[PDB]
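First, one chain by itself: the form deposited in one PDB entry, in C-alpha cells.
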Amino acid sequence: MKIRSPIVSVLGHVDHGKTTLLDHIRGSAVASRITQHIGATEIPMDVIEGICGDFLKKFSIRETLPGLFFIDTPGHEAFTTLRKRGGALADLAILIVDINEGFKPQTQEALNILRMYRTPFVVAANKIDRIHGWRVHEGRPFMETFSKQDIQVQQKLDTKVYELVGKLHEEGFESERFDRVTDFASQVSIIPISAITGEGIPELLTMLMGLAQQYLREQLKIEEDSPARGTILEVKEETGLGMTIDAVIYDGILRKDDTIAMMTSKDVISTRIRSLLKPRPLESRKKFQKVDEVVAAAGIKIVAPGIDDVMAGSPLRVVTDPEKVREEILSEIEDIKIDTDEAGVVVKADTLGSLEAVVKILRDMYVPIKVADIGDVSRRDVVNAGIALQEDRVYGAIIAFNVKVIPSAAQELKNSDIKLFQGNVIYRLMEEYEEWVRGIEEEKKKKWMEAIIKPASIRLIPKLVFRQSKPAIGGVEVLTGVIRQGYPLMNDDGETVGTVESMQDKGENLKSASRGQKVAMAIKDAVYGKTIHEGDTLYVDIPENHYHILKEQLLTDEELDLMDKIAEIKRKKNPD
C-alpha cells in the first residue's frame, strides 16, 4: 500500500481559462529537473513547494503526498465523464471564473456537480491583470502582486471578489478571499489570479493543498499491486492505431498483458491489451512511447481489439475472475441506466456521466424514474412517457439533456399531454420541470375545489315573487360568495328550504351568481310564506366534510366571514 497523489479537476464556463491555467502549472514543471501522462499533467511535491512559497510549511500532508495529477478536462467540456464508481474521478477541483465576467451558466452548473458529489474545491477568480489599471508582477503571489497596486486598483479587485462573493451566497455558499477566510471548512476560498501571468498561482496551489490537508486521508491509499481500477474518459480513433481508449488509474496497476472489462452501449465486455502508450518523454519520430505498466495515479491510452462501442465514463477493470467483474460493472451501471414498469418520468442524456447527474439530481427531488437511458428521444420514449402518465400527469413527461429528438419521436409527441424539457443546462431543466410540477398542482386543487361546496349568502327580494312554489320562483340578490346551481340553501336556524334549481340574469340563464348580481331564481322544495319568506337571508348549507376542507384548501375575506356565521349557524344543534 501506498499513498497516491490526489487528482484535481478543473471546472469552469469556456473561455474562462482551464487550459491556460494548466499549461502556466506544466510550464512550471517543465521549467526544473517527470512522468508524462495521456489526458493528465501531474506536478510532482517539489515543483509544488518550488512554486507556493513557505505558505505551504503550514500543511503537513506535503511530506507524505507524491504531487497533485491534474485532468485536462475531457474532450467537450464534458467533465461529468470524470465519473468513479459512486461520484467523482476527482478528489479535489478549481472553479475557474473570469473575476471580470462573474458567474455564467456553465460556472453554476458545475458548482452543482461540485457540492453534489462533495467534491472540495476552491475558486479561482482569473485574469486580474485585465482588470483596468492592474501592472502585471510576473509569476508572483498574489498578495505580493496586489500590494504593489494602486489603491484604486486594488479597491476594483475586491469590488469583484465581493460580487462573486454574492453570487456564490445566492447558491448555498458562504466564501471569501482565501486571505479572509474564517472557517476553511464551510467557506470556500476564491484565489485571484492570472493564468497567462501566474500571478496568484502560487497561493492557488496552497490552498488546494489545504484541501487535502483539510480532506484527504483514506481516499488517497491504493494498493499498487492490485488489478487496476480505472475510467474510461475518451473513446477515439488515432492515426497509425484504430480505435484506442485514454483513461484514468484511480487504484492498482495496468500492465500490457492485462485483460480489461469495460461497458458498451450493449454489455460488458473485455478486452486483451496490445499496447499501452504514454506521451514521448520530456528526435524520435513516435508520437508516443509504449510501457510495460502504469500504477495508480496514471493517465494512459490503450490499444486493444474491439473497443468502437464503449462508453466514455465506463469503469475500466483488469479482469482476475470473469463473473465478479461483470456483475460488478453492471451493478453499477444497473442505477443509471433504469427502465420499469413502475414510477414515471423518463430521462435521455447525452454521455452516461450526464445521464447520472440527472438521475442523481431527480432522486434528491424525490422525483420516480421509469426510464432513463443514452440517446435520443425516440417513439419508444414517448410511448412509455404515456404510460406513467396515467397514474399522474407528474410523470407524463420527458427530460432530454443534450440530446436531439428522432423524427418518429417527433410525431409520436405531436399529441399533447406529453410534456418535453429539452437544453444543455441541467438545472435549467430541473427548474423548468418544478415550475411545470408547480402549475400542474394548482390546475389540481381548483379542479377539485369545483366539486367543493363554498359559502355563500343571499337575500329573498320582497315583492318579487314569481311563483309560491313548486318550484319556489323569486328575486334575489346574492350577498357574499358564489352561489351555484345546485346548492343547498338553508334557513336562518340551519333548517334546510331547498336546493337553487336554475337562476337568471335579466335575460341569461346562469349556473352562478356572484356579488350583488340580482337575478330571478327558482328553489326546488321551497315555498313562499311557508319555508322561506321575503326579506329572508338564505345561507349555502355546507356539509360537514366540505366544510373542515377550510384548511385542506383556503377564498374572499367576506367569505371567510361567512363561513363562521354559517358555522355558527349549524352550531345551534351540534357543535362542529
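Here, rigid core means the biggest group of C-alpha atoms that superpose within 1.5 Å across both forms. Residue numbers count along the first chain shown, from 1. First, how it differs from the form deposited in another entry.
The residue that stands out in 368, 488, 120, 471 is 368, the single one whose Cα moves by 2 angstroms or more between these two forms on a rigid core fit.
Once you line up the core between these two forms, the Cα of residue 210 stays within less than 2 Å of where it was. In this overlay on the rigid core, residue 400 has a C-alpha that sits 2 Å or more away from its partner position between these two forms. Here residue 189 does not count as shifted, since its C-alpha moves by less than 2 Å between these two forms after the core is aligned.
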Contents of the next structure:
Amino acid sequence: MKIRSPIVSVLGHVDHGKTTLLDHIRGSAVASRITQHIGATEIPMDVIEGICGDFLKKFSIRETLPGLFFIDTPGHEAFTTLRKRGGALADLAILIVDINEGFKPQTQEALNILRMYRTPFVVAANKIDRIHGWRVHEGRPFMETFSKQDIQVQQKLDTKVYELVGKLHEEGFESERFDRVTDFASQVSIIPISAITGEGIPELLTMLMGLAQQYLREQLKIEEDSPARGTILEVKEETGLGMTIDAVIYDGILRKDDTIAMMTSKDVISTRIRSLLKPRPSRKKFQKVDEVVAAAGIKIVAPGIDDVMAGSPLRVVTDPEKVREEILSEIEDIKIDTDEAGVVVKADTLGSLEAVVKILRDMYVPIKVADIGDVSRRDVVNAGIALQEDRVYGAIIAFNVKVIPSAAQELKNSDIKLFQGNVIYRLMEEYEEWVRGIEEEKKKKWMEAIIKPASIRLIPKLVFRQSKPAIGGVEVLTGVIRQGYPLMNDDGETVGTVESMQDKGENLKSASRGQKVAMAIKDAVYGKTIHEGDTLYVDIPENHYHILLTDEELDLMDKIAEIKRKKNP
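Right, the form deposited in one PDB entry is done, so what does the form deposited in another entry look like?
Here we give the lone chain, stripped of any partners or molecules.
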C-alpha cells in the first residue's frame, strides 16, 4: 500500500481560467526540475515546497504526500463527469472565478455540485492582474504583490473579494480572504490570484495543503499492485488513431496489455488495450508507456470503443463476471426504476444523472424514473402514469439530452411538463417555480367550492312576491352573496336559498357590498319566515367554516359565530 497524491479538480465558469491555471502550475514544475498526464497536471511535493516557503511547515501531511494531482474540468464545463463509485473523483477542489466578473451561471452550478458531494474547496479569485492600476510582480505570493499595490488598488481588490463573500454567504457558505479566515474548517478560503502571472499561486497551494491536512487520510490510500480503477473523462477521435479514451486512474496500476471494462450506451463491455499514451514533453504528439499507477491521467487506444460513455467507471479485468457485476451494481445504485411516487429524470452521463438525482432528493422530490439517454416514448408514458396523483409529478427533467421524435410527438399532449437544459440548478428553479403555480391553481379552485361569509338586508316596501319564490328588494350589507347560498335568521334558523338576483335589468350570479338588487329567495315567505327590514346571514357549513376578508367580513364572521353558538357549542 501507499499514500497517493490528492486529486484536485478545477471548476468554474467558461473562460474564468481553469486550464490556464493548470498550465501555469505545470510550467512552474517543468522549469524547476516531471511526469506528463492527459487532461491533468501532477506537481511533486518538492516543487510545492519550493513555491510555498516556510508557510507549509505547519502542515505535517507535507511529509507523507507525493504531491498534488490536478484535473481540469473535461469537455465544456462537464463538472459532473468527475465522479467515481464512492462519490466525487476529486478529494479537493478549486472553484475559480474571474475576480472582475464575479459569479456567473456555471460558478453557481460548480458550487452546488461541490456542496452536494461535500468536497472541501478553496475559491481562487482569478485575473487580479486585470484590476485597473494593478502592477504585476511575477510569480510572487499574493501578500507580497498586494502590499506593493497603491492603496486604492488594494481597496478595489478587497471590494471585489467582499462581493464574493456576500454571494457565498447567500449560498450558505461563510468565507473570507485566506489570511482573514478564522476557522479554516468552516470558512471557505478565498485566494486572489493571476493564472497568467503566477501571483497568489503560492498561497493557493498552501491553502490546498491546508485542506489536505484537515480532511484527507484514509481516502489517499491505494494498492499500487491492484488492478486499476478509474473514470473515463472523454471518448474522442484523434487523427491517425481511431476513437480514443481519456481517463483518470485513482487506484491501482494500468498496464499496456490489460483488458478493461466500461459501460456503453447499451451494456457493459471489455476490450484489450493496444497502447497507453501520455502527452509528449520524432514529431509525435504522444509518447507510449508500458503502465501508469494510480494517480494518473492517460489516453487509451483500444478497439471496442466508439460507444463508450463519458463518465463510465473504468476497471482492469482479472475476473470478468466479478467485474461486470460490480459495474452493473454501480450503475443500478444510481438508475432508480420503481412505480411508487413520480418524477422522470434523464441525463447524458452516469455522473450527471447522479448529480440531478442527488439534488432532487435534497429537495425531497420523489423519483419514479432516473436513466441515461434521450427522452423516449417510454419515458413519456411513465411520466403520464405519474401525471396521475399530483400533476406535480407529471414532469420530465432532461439534463443535456435530446428528445426522440416519437417521444416529442406523443408528448404534444398537454399535462406533461418538460424541463430541458444543460444547467442543473436552472432546471430545479424551473421545476419549483412550476410547482408553486400548480399549487396556487389547485388552491384557487379550492375556494370556488367554499361558501363565504355574506350579509343582506331586506329593503322594506319592496316586496314583489311573498310565497313560492319570495322576491324582494335586497341590499348586500357585507361580503359577496351568491346564487345558491343558504340563508339563515338572526337565530341561525334556515330561511332559504338565494335563487336569483337582478341588478336593475341585469341578472347576477354574485352581488358585492351595497349593490341593491331584486332577489328571489327559494323556500322563504314574507310575513312568516322572512320579514321586511330583517338582516339575513349566510349559513356557512361547519367544516367550510374551519377553512377560515375585510374588517367588515371579520366582524360578521364572528357575528355569524354568535348566532350559531346560540343553539350550539
